[PDB]
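Here we start with a single chain on its own, the form solved without the named molecule, put down as structure tokens.
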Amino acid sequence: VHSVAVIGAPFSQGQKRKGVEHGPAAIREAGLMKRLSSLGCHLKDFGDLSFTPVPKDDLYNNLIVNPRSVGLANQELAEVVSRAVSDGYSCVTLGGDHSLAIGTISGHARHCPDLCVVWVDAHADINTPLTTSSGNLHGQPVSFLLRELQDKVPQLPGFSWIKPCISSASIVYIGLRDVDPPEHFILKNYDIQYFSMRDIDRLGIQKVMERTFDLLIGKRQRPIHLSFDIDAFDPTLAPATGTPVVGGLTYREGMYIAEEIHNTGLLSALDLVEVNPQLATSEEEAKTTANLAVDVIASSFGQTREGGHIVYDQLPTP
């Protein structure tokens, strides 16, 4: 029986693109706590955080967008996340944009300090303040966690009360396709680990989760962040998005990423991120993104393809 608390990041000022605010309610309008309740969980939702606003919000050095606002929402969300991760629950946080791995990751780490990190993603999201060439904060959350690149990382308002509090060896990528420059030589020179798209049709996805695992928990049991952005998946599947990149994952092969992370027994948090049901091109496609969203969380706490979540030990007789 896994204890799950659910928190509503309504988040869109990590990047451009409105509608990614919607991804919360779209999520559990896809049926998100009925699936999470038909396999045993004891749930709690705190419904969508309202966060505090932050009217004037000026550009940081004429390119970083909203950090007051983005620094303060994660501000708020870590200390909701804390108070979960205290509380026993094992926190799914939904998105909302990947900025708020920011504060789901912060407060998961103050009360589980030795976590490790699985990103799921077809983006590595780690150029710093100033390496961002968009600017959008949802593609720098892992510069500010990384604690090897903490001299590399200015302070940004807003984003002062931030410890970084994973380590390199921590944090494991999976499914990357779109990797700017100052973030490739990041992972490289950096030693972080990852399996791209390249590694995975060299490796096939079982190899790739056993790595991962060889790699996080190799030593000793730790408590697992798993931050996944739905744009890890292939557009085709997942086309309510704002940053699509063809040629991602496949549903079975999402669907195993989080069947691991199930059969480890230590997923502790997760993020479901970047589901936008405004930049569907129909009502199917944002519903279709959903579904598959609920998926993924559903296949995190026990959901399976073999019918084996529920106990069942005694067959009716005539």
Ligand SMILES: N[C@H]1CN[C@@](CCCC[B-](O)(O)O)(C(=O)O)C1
The other form holds:
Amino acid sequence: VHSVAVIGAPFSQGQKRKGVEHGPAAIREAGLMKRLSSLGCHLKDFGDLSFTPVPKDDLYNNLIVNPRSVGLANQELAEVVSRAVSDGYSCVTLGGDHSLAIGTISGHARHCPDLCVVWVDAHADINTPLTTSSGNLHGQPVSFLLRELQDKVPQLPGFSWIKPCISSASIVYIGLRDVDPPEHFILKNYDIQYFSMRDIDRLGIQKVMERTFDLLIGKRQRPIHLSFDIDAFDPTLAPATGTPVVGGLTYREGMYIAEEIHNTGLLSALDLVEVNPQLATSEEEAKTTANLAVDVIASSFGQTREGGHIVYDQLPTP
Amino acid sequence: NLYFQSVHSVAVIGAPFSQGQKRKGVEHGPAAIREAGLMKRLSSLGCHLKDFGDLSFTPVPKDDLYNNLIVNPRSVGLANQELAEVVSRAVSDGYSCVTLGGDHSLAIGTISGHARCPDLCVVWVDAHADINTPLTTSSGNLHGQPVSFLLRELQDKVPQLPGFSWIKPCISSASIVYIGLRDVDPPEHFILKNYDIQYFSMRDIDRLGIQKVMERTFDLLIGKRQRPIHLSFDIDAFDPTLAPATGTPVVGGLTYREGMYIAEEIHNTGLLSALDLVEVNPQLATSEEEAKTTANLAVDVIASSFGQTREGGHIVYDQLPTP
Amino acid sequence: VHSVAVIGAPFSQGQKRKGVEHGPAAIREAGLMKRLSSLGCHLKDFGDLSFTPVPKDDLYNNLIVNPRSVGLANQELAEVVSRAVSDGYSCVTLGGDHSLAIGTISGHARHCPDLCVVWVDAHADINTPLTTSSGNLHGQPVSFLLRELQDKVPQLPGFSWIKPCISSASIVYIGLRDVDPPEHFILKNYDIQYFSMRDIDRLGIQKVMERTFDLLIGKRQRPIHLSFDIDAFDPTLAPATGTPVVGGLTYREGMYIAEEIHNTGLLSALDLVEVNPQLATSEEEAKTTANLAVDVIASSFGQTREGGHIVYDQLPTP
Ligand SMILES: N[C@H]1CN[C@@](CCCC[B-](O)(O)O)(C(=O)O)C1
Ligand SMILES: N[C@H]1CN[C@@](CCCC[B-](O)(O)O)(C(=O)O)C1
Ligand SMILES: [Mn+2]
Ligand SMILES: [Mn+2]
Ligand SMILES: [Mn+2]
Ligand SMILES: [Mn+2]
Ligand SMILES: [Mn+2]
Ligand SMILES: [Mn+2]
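Hand over the structure of the form deposited with the named molecule bound; the form solved without the named molecule is what we had up.
Zooming out: every chain and molecule, the one shown earlier first.
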């Protein structure tokens, strides 16, 4: 039995590809609430938030895209996550692009001073506004949150409300395979631990999950924030996403990550982002992606491959 | 070719069961496997072949369902008493029986007939545990219940069904090992855990790897002494991308390589005595290549169980021709 | 900084399936040169070689199809490879069928007699003209190069120029899954080390690469010749090829092989063969295969999944 809050965040201004705002609708349509109900989760649906748009919000310093809208949407999102967490729920946020982790992690840290993050993605999303080549804020969220990067991050319009709330030793990446040269420098230079697809190929997902927990919760229990980008999966399994990168996690590795997070019993918040149903070549590819998003969330709250969720007490005798 | 690493005596049975479940099209299974080229493949491995052909099954006219759930119980139990005899015939003769399905209900017969060597051991490769009792089941389909009738520890929890009186509990808890489990119903999970039935689910394969799983499986079953092996193999243990034409497909299954590995290790013990290849449904395919892939896959599993390998070497080459 | 020469060898006479002659153009259209340039490579593209046609070329011993054509084109290819290798370039040859390895390995061995070969393929390509059942020369290249097999190889027309240049201890196979009975005999009888798909299932690709380098470069550094047949990959990843065989390398395993080759710093020549855009059922299937071929070549010259190939040592500050 878990108390689970669900928040829909139909937001796309962190990137340029249309349709990721329909990700919460597609995940809900795939039967998320019914699947969580069937696991025995006490649910509170906060619905799908309507973000206050910014009319005059264009290209900043000939590089940063929609900073005012991204900053504002995340400020609003942080308040809802804060409420859900302070009300004692494990907070599930449906994206929407990955810039939404600024809001979810900021809102979660308002109640958990010792929170740790497991970031599952093909990308590190740790470019600063000065290292980004694209200027898309979904490839930059971790830079605003990390304490060690405060002196490397300029003040963006709409971002003055953010306070760095996580240290370099409190975030572990899993699934990396498309990292920009400044991002690689940031990971190495600041000793941020990561398990790229190459590390998974060598160690295997079991050792990857063991080492992740040893680094984060080896010394003490801590609330875990699971920030799961659907593009961490191979594009054959998750085609409906904006930045697919070949050679991703298998369905089995993805479920394994989600199961191990459940087994800690320390899961406090989950982000499931970057499901863009409009980018799938067919309705079945949109549905496949959406169903995979439901399986990650369900496994993070007790769904297992061995079918031991619904406890049986007695077998009928003849 | 005149030289082979090993010569096996193998029998092929076409059992087109369909009354074990409700989805039609699984009867065209032994036909699709043969059309792929099974017989030609076993010949190329130097097998002494004995084809028993596609068996004829007649439905019982008055077949009322037991406890208003177990659909077609008389037709399934009657057909398995006879299928057991044909399988017991081949074993006594000194042959290795291979049954083409059809659904997984045919396993009650094959394992009972085989036991008529009593010190045998089973390897159940499936996405499903097929261990529901007639009272714990919810679908009414008998293909999800074969292991309940065969276990000695489950006799007190299984009632006497119409045409199931002939079945005697032959295999004990420590004589069955599952591989590939990913869709286990709550009563099935209670049975496995409480009766200490050793298994290797997809999660276990994810952690240990297919090599360790095979090493551990044999340490359990044939570690005490050399024993005959019954390989019951459901095509749905493989991922639906590889076996798309099947009844109950569950996402996140065995890769082609993992399934060939299981079959190769089974061959390498030299103790394989019986084999089942079920749930091939050519009617459940969206394209011709999807129907052909599942048939070609099923032939690969049986061929690997009798010598076919990735490196070759099954066929023995004497000397190279000189110019 | 790697000095890389690219040679297009639009070679099809080593087999009967037409379209493989379009393999070099397909690889170049998938962005090969742009990808190598971004790695910091100093490039020289020779373009596609125009091989001298042999109009009068009848089958040898009523089996061996187009021998003179295959032999002559390889003799010409070897002169080009020999020159590029002499001029300090790591020579990338784009195929074309795998019979072109006769010319690339022959040409490379002229200036690198201590070379070793890592042969990545579903096939051993080691039938002799006397064991072949197809009569396709792309299934026989290794028999012409292997020193220990000289007494078993008859003199074919247009093949006399070939001087066996590799010993059985200097070649390692990776990916084998479709081996003919005389090929299995050669592998065992001449003690040629191999890692079939079954060896990979057991050891894992990390141990496979460690064992490969222990056998080849355990005693001294040597120039490495990587002969990569795209059909080493599973047909779902590399569909546009002549002889697809199910249960091949995953994308991750293939990148791992290439990344490990790069890490030695010894790569001296690379063949990327059997990309046949005509055999793809759709335009996307041909592009998928060509994109895969580019990833193998880029990974062999530094492309990583971690992003550390480009020098980046100082963050911009606000
Ligand atoms: N080469 C890549 C790595 N860095 C990128 C990330 C965009 C995807 C971010 B997401 O999917 O995780 O949201 C960038 O634009 O900064 C391009
Ligand atoms: N049974 C197979 C093994 N030997 C074959 C190889 C042809 C493929 C060559 B290549 O793709 O590797 O280039 C042969 O024709 O000799 C068929
Ligand atoms: Mn992301
Ligand atoms: Mn991403
Ligand atoms: Mn079954
Ligand atoms: Mn099944
Ligand atoms: Mn080849
Ligand atoms: Mn090949």
